[PDB]
Structures are given as structure tokens and as C-alpha cells.
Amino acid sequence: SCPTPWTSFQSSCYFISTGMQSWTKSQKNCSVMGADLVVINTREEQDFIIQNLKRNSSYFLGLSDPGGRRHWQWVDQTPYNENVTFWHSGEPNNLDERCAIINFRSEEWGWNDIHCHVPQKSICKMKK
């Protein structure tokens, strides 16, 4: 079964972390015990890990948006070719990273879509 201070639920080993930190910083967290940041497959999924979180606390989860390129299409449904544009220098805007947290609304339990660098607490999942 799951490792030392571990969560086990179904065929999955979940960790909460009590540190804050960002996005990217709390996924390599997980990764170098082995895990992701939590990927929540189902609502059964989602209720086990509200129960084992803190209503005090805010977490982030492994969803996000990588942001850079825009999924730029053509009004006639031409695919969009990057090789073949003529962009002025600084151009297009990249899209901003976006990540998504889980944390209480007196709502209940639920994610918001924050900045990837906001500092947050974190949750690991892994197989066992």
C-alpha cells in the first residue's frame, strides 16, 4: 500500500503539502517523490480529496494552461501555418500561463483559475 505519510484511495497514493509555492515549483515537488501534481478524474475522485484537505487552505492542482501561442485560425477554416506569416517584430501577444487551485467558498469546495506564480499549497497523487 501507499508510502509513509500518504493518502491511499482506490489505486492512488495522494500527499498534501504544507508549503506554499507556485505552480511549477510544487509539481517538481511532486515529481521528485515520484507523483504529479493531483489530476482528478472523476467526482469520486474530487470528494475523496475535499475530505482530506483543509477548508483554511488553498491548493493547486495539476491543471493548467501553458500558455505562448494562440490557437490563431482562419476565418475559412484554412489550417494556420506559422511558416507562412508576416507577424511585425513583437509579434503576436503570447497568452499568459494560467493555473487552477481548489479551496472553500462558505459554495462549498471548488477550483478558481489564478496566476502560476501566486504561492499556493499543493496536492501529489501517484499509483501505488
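Positions refer to the first chain, counted from 1. Think of the rigid core as the biggest set of C-alphas that the two forms share within 1.5 Å after superposition. What changes on going to the form deposited in another entry:
- Only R70, out of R70, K28, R98, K54, shows a C-alpha shift of 2 Å or more between the two forms on alignment of the rigid core.
- Relative to the superposed core, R43 shifts its CA atom by less than 2 Å between the two forms.
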Given for the second form:
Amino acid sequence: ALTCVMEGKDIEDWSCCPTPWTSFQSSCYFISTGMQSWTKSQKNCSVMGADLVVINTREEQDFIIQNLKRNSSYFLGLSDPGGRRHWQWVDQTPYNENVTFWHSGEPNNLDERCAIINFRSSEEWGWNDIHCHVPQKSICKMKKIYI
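With the form deposited in one PDB entry done, generate the form deposited in another entry in the same format.
What comes next is one chain alone, with no partners or other molecules.
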């Protein structure tokens, strides 16, 4: 089943997500609470027709964090596979340093080549580079369906 809501006041503009997903602007988001490596997480998002989350704006991040638990860490679709700080998003969209939300002092390791979002005291939610093989929860994102 799909969950559909109206965009603006236009009674014909209904956009939808599968029911276990949440919606914000033109995208659907799914929180995957199983612990898996970054690559297995991206594969899992791919199976449900999506990708690991790509964060475009502060507004988007502020929405996503409403659906996360402050004691948990979640993979983003953000990685540096060659260890050169040449960050990649999984949907081949640009990496814009001035719209990133790294915690203070992050990213801090060339050998930590995947990114997570989590909560740190006082700094609240932000990003950390970590080892890709360490199992974590993840966030998947895809476009809404219009009917």
C-alpha cells in the first residue's frame, strides 16, 4: 500500500511512499534498524528500490533526525573509497563542502572511508567518518511516487 499526501493546496498533486516509509518534500525515507556494513546497507537500500540517504540541505537533515534515535548511528550514502578525501554520494550528485554537517573535528581519518550520522553531546546531530566494515543502522532514500 501507498501513503499519499497533498502537495500544497493543489487537490491533484498527491505524492506517495510505501507505508513503512516517511515523507519529506519530494522524497521517501526508510530507517533500516538492522546492523550491516556500508556496502551491505547500500545493497539493502537498492533491493527496496532506493539508495543510502543523500543529504542536500539542512532542512532535509532536520527532517531526517526526527525519525532517528539519539543513541544510534546511521550510515549515509557518503564515502571516500580511495582515502583521498574525495567524497562521493551514492547517487552521483555533487559533494558540496559548505552544505555538510560533520561534527567538530570530523572527518578525521583517511582510513575511515564511510560516513554516519549520529548524536554527540551539545553538538547534537552531525556526521562522522567511520570504518565501512563496522555494522550500523542505515537510512534509505528514494523519490516519491505520484498517482
